[PDB]
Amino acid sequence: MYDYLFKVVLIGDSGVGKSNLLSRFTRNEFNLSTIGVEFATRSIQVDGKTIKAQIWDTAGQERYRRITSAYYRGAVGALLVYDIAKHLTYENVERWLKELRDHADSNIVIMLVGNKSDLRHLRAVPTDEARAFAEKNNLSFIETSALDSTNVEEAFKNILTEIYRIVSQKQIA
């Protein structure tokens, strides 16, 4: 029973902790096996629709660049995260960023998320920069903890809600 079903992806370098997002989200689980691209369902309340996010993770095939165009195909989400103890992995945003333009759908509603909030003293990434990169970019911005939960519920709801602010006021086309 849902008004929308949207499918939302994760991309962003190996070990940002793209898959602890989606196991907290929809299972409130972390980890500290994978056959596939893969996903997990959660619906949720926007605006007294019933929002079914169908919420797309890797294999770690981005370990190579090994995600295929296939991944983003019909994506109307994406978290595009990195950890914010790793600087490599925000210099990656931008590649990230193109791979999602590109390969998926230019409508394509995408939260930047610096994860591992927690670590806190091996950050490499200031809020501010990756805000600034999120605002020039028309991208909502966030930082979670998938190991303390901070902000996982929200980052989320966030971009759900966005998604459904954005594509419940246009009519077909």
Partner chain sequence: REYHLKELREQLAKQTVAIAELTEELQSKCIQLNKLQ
Contents of the next structure:
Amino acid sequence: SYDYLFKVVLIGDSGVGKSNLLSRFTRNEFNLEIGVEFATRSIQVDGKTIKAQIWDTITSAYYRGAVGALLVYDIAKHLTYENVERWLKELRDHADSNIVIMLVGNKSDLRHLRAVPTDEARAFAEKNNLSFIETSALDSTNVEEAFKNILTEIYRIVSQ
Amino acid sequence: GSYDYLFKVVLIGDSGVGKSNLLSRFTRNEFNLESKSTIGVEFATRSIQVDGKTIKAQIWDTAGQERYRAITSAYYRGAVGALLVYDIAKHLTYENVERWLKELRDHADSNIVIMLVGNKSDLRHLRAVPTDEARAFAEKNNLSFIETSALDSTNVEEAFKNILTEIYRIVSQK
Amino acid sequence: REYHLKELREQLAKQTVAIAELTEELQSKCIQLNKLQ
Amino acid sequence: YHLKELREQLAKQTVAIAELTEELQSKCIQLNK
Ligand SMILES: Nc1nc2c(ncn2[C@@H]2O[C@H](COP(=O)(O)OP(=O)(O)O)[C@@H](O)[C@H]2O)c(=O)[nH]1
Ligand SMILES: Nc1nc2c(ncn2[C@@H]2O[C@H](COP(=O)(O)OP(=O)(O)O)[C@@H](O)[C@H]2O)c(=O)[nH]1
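Switching forms now, from the form solved without its partner chain to the form deposited with its partner chain bound, please provide the structure.
Full complex below, order starting with the chain above.
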């Protein structure tokens, strides 16, 4: 089985693709359509087996033990990005101080309908010590790269 | 604080024998005089000391099984100990012990530690199941045996500490 | 009305399965840890 | 009626899952030594 087990939570406004980011990473599925659930996926990092349980959508229990967080917005819906500030505060208030956070701009496949400039998003991320990457759960772009990125940053940290 | 071992122990038997109260008496020192509220079945924890090692017990009530029948396997999964509970003043609950035992054989590990428990010893003036007969049954089926009273809090601590110790002694001899 | 109750139980059931799987793994971890230090 | 009890129980179980995860996560880190 696994060597490590990391809890990673997905936060962000409804409809940004959190559920689809989870389904594509854990079972390579995308759809077009509650309570609290999670799914697991194992990857290799430094010869070690890292099992990630990714959580989607009690607020204190949700963040409890979370070592990673993907703050997700919609690059075609600027409203979802304006609310990133609110989600970040919920993280800072209800989670660990050493949690690894990545700002994820989903639906990169809608570049022609982009409402959030990537330079502006990265500027926000860099100032707030957040990782940043644009993804597309639809056509599977940077999804593996996103999760593998955050799971590696977490791993290197706990390797102390 | 933390612990040195986590052991899962399940409570098994007919409804009304006192499973919920054995659990509440051991984990919280609380007792309910009335009939328990049946919902999504639950569990509770308590830490005791065995040979210096802190042993945390995750104790389950398995009543709602066969109402959440699809997940019956979840109740028995990882269970290293089992309390087979009956009512000493209700012989019917004692007959059904052989039934719950076959249930245990199928759903649980072949080498799970089983203790036969006669609860409501405080109702000894209405004893329907003689101790000698019950103890002999436990001997015939290789079961540990104790009589308890969740109400009077008699042998409750001992019952759990016995099975947890026995479990620990087994995994430590590995 | 009735659909909420049935939907809840399914969620309750699935979380219970999750708990049992975690506990079993946690049991095994503690045992093999005590076999060391 | 008895649906509010189910909501609280789902909440309690999530907390339990979180605690279990946390401890597993901690134990694994200790195991690599
Ligand atoms: N074009 C595009 N649509 C997406 C992407 N990810 C999710 N969606 C769509 O967004 C809608 C809602 O996404 P959902 O999974 O419910 O996000 P959540 O509510 O935040 O968890 C779905 O109909 C998806 O088809 C993506 O990468 N590209
Ligand atoms: N006199 C007496 N009554 C008990 C004892 N343990 C439980 N009861 C009562 O038996 C009834 C049913 O017990 P319960 O805990 O619900 O059994 P369960 O359905 O198997 O979990 C309750 O009214 C309890 O108060 C005991 O040790 N002595």
